[PDB]
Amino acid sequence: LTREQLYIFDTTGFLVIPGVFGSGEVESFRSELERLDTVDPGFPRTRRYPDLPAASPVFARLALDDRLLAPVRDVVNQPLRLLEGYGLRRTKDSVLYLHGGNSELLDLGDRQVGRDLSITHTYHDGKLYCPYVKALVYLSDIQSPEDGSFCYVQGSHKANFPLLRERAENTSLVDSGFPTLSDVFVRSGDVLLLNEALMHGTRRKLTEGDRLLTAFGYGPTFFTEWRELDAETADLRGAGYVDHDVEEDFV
């Protein structure tokens, strides 16, 4: 990544890199997804491809592809590991409410905490150290909010205050809007490099046709592969990720 790209990833929490994969490559990726099973993730009008690398050698190798790994290296700067690799296929009336955010809250029963160390990032001696980054590979054009554009709360990756708990305001900000909520439009083939510290989601998709992407999650070698945990287990051997406040919790 160039100095300007590093500046932009640092200051905004993400980076769009245009035309990483060519038209030939893109259609090849579309083909494989058509020939692959999906699940209901409990999100309306949304089909998920749960584990792309363990479902297809096309995506098992994309996960290790150099166009992805190299910019990821430049923002993680740790010995690297694959944490996850999934696909999303969306139709009209689907939506992805806000999640992420550097200072959102979590009640741990006896106490309330406001840092999630899995996304807590820093900077030292000319290098970014972000522990959890996604490479989003868009396989369809998203050029207006009604295409279900990616959206993000500006600067939320470095926020010191929690946003969502005070609102719980049962309407999502991706629908109602927010003064610092901005949209990002992408072309098929583009890659969005994302600091998972960013509070982000997508607008509601109102257009017809399929919205398609493949998401790959990376972190240091001492991170576990991604897995949802309701809470820490009684015998302290339960592994996984316990999310702080997200809009799904009250919208």
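We call the rigid core whatever largest set of C-alpha positions still superposes within 1.5 Å between the two forms. Shifts are known only where both forms have a C-alpha. Positions refer to the first chain, counted from 1. First, how it differs from the form deposited in another entry.
- Among the candidates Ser182, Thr38, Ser28, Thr207, displacement between these two forms reaches 2 angstroms at the C-alpha for one position only, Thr38 (superposition on the rigid core).
- In a core-based superposition, a mobile segment is defined as at least three consecutive common residues whose CA atoms each shift by 2 Å or more; between these two forms, just one such segment exists, spanning 37-46.
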Contents of the next structure:
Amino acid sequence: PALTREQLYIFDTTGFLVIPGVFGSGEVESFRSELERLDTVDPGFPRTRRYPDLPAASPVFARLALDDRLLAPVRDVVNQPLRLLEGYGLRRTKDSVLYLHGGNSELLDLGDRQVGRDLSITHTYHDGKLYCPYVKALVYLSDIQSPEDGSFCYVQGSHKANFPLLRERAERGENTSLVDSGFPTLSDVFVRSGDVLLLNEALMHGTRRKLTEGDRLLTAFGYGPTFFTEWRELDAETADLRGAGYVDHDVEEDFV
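The form deposited in another entry, contrasted with the form deposited in one PDB entry above:
The next block holds one chain only.
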């Protein structure tokens, strides 16, 4: 089914939505086992690792990327001809962290000028519909019920912020992450296996430092309009203007 009125209200106002129990106990086990099989095929990765391009690596994840349980809520917040921009898995262990990234008005130095909009996450609303160009559906494969489990955390209302947060911090001499220091509007989200966290990538977000033992697991699928390119990092515009990909604005990794 489609997103209810209350769910749209929440995604609009908070920049994300947890849809509980989307995938059952059995499907979740099947997703975990498929990641274990990928470890067997190509051994020798670090224990904290990324699983790039899952739909190509596994027909199980190719189906999950097109599963209507993801696509229907995704269509409801994107409302454009839809394209799969990326699909990857994340395995994390003790002492891993993910610093804050995203945020609506963070700065980027554009050679001869500095800009405070990123049109890959700049979203709007029109005649009863959200239009968010880059959203992500995070399918959790393990329970994350405490901050020391490495819980997803986010800065309240940062998906619609008009002021930059991180440039001031970098030029101030800061060298620690807000996910460690704390911030008056930084909040945690707890989830179960099989939950989907539907995310406006405009939202400034990250995770806490994982302190507990055990493998923290998810699969992430990014979607946007058919005219966006598949996700690829790009350090800068290239001189012949044929460079393609995504140039991040200020993120905590730049100075933490």
